[PDB]
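For reference, the structure is listed below as structure tokens.
Shown here: the complex without one of its protein chains, the others still in place.
The first chain written gets the first letter, and so on, giving A, B, C, D and E; residue counts start at 1 in each chain.
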Amino acid sequence: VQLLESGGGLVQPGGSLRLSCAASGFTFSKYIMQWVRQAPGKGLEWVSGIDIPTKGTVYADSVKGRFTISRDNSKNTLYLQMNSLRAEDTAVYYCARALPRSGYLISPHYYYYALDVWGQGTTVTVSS
Amino acid sequence: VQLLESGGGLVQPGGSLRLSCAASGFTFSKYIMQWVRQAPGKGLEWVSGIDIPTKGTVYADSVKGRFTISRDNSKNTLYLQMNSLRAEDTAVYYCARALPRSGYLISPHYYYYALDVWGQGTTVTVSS
Amino acid sequence: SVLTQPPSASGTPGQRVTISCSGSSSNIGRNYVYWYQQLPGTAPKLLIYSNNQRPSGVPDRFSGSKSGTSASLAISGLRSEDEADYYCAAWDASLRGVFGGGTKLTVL
Amino acid sequence: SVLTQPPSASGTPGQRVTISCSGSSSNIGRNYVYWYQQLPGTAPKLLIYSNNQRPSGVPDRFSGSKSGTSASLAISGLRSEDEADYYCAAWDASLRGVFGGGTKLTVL
Amino acid sequence: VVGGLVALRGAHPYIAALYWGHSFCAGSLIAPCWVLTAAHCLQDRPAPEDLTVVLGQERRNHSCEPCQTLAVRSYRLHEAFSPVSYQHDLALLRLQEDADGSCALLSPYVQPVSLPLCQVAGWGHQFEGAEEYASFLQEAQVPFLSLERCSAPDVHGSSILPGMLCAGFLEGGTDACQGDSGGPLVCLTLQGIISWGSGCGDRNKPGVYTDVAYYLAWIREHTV
Partner (left out) sequence: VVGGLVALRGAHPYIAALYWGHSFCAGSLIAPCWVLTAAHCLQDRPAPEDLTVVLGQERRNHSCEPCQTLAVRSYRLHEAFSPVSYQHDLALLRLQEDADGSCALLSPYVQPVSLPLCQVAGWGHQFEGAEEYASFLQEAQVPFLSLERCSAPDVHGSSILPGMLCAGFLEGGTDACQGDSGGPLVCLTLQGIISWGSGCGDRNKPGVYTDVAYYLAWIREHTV
């Protein structure tokens, strides 16, 4: 089980950028895929999620209307289209998975809605 | 879960007798039904079994060809037709159930091929 | 098939006694072992299944082990309520459940 | 939603420290709480899920509890390898996973 | 239902069977055009045109003379349902009216259950790791458990949220299991919806239901 992020770099303010998260070692269909960003010297911040039950796609209010998260299940990869990147979007963007809850039984073997596996992280710099 | 035996009594040697075991509180279709006899002052002795996997009906050598075990699943009852009852067939006849093994998984909840539930026992006397 | 058990055993309350069962390669060494307890005038009660597993309601002080063609039952923290008949059980090649001779456990 | 955490915490090796998380009735009092540890320069690591459950590989010395709108994480048998960032997590009414501010645990 | 018994032919005329794709769960006829089930049955949000409702049934997915097959006009998950915690785990199915506006025909085998010695029924697993559903509809007697016993640290702790209830034994044995989701708990009145449980018939782990009396106003508002 491995997650690999890519697409980070230096962007001018107001620009655009797209992130990628390649997945290996697990079925990229039974898990919720998320973006979490780590601004330098700050804490974690949940950005986006996909295939969340009772929802289609959830965005944080700070990135709503500018960020788009999508999947390519055939390529086993996760995308994050970031537009209108303002100054405080600088962070280390993480890609993580969470197992959704399915039916009657909850088992200690399976870790529901917990971010058990993360990626290394890709650095996004928005500076002029 | 309850098992009730009936049909015991005093029989002349060479006679015939039929035992009954009414079942309640459990499905009389998913369990192996057995007869075990307790001769006075002796130990246990397995007599007959029905719906044993890979077999149809198993008899002890001491009762083979004289005893017939059968079911009435609609009546939830178990029978034991005893014929040519000789002298050392005197015993307290017990009716018990055992859960068969089904597939890949063995669970601590379910007690496979173990005689977990018995009956009170019915007394058979073969004397002249 | 047949299973060999000591005719009787004795013990003092609070002690630990062992009931042993001896079999062959067709019943015990090839299959599980089961233990049953029978108080006088009552039906047998399941104690051990799968050579080491206890049904719910049976105290942890009853222990069973299997080693090849021999099986044993241990009763630690012996009480006066353990005076009963103990039988080992198995199934032979043609299924056909088999019982041991039985052991008279006495609590002195 | 937002979760409130102390900025930092301190401890001596072998001691027991507690990390507390404070929330509202829409995230913590209405849903599970999760804990993550992040060493410097590394990705976060799952510590606690379902307010008290540990993933395999996490030592038993990490304990989590939830009581209403507040949650806490305890680290007993503190070692020098526990110097990390600790975050509480939850999901709000519109799912949308929420993270706490983070606590700087120092091993002195 | 682990540790249960085969129900009689006309024992639970209010139970409903829901089919879509390869997925199945149960429900409760609370009105001629209304079936009440669990919100987590339909949390993947299938189309209402993909849903099949069978009323009057005894064997799972077997045709019978009293069986009644119906389509679903629409369903309404609870607006506050949490897929993470399974709180507000209830949904309402609206059945499809025929030409003369009759959704379900009442019969000795099809009959709605009233809204507010408890009994649980379903076609779920009869054993904890069962490979197949129960062919016959199983039933079981489970006592109602107090909320203080629900929220005990050794039983369920803080997982018990408002709107939930416990039913079963702290010693294990008889309980609901996988495949019983959405099924009825009748004490007759509908008192629970089979919602979730950690294991099937474990000690100190009884099944958790949806307190139907907690959501009476929601049901009355959204069944008009």
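One rule holds for everything that comes next: a contact is a pair of C-beta atoms (placed from the backbone, for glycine too) under 8 Å apart; a residue touches a chain by one contact, two chains touch by 3 or more.
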{"item": "Sole residue of E:68, E:126, E:158 or E:178 that reaches the chain not shown, by the stated touch rule", "value": "E:178"}
{"item": "Interface residues of chain C (partner: the chain not displayed)", "value": "30-32, 50-52, 66-67, 91, 93, 95"}
{"item": "Interface with the undisplayed chain - residues on chain B", "value": "52-54, 100-101, 103-107, 112-113"}
{"item": "Those residues of chain A which, in the complete complex, touch the missing chain", "value": "25-27, 30, 102-103, 105, 107, 109-110"}
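We adopt the following convention: only the chains that are shown with their structure count from here on.
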{"item": "Rounded Å distance between chain C and chain E, as computed from the means of their C-alpha atoms", "value": "44"}
{"item": "Distance from the mean Cα position of chain D to that of chain A, given in whole angstrom", "value": "21"}
{"item": "Junction residues of chain C - those touching two or more other chains", "value": "none"}
{"item": "Junction residues of chain E, two or more chains touched", "value": "83-84, 172, 200"}
